[PDB]
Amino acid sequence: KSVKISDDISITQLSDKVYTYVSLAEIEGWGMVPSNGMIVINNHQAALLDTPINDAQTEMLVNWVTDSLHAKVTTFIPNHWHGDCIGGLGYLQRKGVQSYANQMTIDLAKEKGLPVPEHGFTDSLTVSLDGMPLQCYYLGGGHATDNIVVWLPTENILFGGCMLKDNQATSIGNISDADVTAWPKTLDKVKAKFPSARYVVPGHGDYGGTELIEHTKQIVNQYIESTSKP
């Protein structure tokens, strides 16, 4: 599977230009919790999709991109406003990395005093990494009201983020910012929009293929039934 690049960070290469990382960080009362993200590389320029929970781990990751990939991190896109998405944005901004996100994520970050991504979109936005398309789509609420997905057309790889659960997952998880009623519909749109997905990376846990989508949908619907009757 992966390769360690820190005592807490491991990385898995999915394609010549795409890698997915696993960042482990302690969360009070849950021990070391892993969160996923992506590193996309084109012409020695890199895009980081989600940051680890803090600056320190984000800096480790970016230093690896420089030291081992000989790439400069120029681009950043977060899945949503949670920590496993923008926990390291303060460091990236100190470093001059440009950012793009769902306009909803920007409003939420501003409202909450968190580091704020620069450019906001409402429907879709294809960020060009020196000619390589990183297609960002907001298809509706799910795990978080502002959650988006990032599709890499040239690679057939989808970083669906936290709205998607890994195959070993059995619970809906943290729903404090979720839109459980919209969530199954959002998954339906994801399924239909990216039928050629070869790799599908969730916000936490092992990546897989398109089955993660149906897997997640069953979890949300089971959650809905469980908390509705009797």
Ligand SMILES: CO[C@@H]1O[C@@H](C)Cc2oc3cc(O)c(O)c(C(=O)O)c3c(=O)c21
Contents of the next structure:
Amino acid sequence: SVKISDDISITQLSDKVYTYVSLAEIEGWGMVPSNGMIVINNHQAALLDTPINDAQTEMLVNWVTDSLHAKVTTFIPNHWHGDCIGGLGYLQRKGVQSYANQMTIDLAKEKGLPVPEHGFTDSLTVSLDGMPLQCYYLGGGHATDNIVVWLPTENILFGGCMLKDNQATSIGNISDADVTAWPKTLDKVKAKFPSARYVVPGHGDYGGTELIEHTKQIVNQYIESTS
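Show the other one: the form deposited with the ligand bound, since we just had the form deposited without the ligand.
We keep it simple here and write out only the one chain, dropping partners and molecules.
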């Protein structure tokens, strides 16, 4: 897991897919690593989630063209939080096509946050110059608008913050959560992606299909420890 900056780390899953970790300070939580993925194909790149601000985004964008030699032409945010579209303003200054769950669009619109240009309500297959990128909204969880991105040709699943990492014992920031549905949403995720090789969470180390079951119990535990 190489470093590309003082606050940005990279790991390589396959020849086309990468995962990055950007360090940032969040009032109330302190130093916290946020994950995102980079997908490449025929010199073009699709960025899933951006760091929390334009500086880290810019760095990350230049590293892609410099080390991977690819133009960032596509962006998909997991949901409306800072650790997903924090640096979308930058990306837009550079003409990047943005795609998101329609709800993410409405939330950013009313909160004066930069807005993505194409919403979907259930699913969206975005073609990165040939290579498919499948986005789905299977219900609320960490956030009401959260989606997942599936890569049919890599069996790699980007779950975002609806999925916690194996070393997590806390349910985390449930300020915009929909704990009522979260549990049902997780079931649909394991049902839909049985053969997932890699499963990347919004915070923490990646792993296999087991992060889904691990997160399912952190939540159930919470619904009852507070009920």
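Only residues modelled in both forms are compared. C-alpha atoms forming the largest set that superposes within 1.5 Å between two forms make up the rigid core. Positions refer to the first chain, counted from 1.
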Determine, after fitting the two forms on their core, whether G31 shows a C-alpha shift of 2 Å or more between the two forms. yes
Relative to the superposed core, what is the Cα shift for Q218 between the two forms, in Å? 0.3
